[PDB]
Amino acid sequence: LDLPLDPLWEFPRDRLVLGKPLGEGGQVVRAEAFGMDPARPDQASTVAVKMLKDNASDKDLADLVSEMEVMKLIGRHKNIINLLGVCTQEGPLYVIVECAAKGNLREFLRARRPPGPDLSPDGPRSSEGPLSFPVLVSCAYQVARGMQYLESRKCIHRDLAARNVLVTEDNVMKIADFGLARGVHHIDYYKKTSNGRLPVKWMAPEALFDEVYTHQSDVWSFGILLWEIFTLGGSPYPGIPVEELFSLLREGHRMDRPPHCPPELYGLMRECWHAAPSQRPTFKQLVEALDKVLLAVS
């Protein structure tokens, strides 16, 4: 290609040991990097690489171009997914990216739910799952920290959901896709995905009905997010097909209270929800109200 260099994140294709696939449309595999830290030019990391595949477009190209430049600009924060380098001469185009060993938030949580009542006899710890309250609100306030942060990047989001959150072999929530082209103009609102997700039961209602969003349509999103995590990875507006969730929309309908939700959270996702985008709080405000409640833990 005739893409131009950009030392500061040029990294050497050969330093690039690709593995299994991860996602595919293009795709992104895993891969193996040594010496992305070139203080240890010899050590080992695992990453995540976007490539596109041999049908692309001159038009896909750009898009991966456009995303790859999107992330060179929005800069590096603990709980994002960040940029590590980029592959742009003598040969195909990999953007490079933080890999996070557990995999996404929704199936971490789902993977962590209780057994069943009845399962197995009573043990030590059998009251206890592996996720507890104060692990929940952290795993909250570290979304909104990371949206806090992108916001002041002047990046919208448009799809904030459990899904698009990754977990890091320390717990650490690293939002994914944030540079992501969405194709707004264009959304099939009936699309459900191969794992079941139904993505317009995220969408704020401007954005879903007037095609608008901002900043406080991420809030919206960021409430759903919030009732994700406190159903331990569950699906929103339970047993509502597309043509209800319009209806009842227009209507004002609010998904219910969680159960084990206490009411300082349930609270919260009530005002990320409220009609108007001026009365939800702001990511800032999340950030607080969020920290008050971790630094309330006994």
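Definition used throughout: the rigid core is the maximal C-alpha set that superposes within 1.5 Å between two forms. Residue numbers count along the first chain shown, from 1. Compared with the form deposited in another entry:
Large C-alpha shift between the two forms, rigid core held fixed: of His253, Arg270, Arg257, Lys53, this applies to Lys53 alone, with a displacement of 2 Å or more. For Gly196, a C-alpha deviation below 2 angstroms is recorded between the two forms after rigid-core alignment. Core-superposed comparison between the two forms: the C-alpha position of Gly123 differs by no less than 2 Å.
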Second form
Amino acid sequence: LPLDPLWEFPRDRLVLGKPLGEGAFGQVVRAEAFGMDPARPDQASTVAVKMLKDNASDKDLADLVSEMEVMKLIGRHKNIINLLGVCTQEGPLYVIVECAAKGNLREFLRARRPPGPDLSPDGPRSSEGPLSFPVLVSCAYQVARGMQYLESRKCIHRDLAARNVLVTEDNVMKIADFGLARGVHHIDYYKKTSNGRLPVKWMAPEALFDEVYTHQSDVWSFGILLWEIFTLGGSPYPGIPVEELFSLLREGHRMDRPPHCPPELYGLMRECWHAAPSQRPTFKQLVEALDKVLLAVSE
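Coords for the form deposited in another entry, given the form deposited in one PDB entry:
Only a single chain is listed, so you will not see partners or other molecules.
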């Protein structure tokens, strides 16, 4: 690999720490960076490091190198996992990105579901869950903002889900893994992830049936993400096996309106799930529509 002085960071200024998980595109590892700001050489900062496994092919290297160059080109936005630096010299390939200490949005929501009535009343709010409606709207808005930026940078996140949206310490939404070479030509539509996810339930019809991805494919996926948000991490198409998902999509079946969800947002969901991709809202339109809702419920 060639030296890029613009993004190059001394590997000795990185202290790797407890792994965050591993997948087809390598492993993600939490780490501390010293002097990520060149103005303050000794200041510590908390980052995340993308790397390869011990069992990696030269294809896996090319894939990670690919993701590196993608992040170099897309630039900074508050609502995406930004590239901070890289380590390409005299050691293993480290791609240093931002950290999101609160984990992915799905787990974030599932951990903060309101207490069931089986718990005894203790305190003036003992029935008041961590998550309120305006905050849930804000999460949706932040994801839409970032996706609109990614679209303007001509980037198609072909898997957009609550699982791939990370939450910072300050409860800021950040889109992750938007530059992966996801290998769309060989998707096992039936295989379930180790945590039980069936990624096919986020795929737009033209992507699932015709292998076609556009920015409107992500708008569809964003519509599913909206469903995830207002079910507080619920699994889409509940109880429906992949085989039944196939025929239901061909009939044009859509998810019902989830409980405790206003018609304004289920409306946006159904707009994102329109058959013709040209009749789904753009990400710019989603931002504006979600903004009006957010402004309405905030005094």
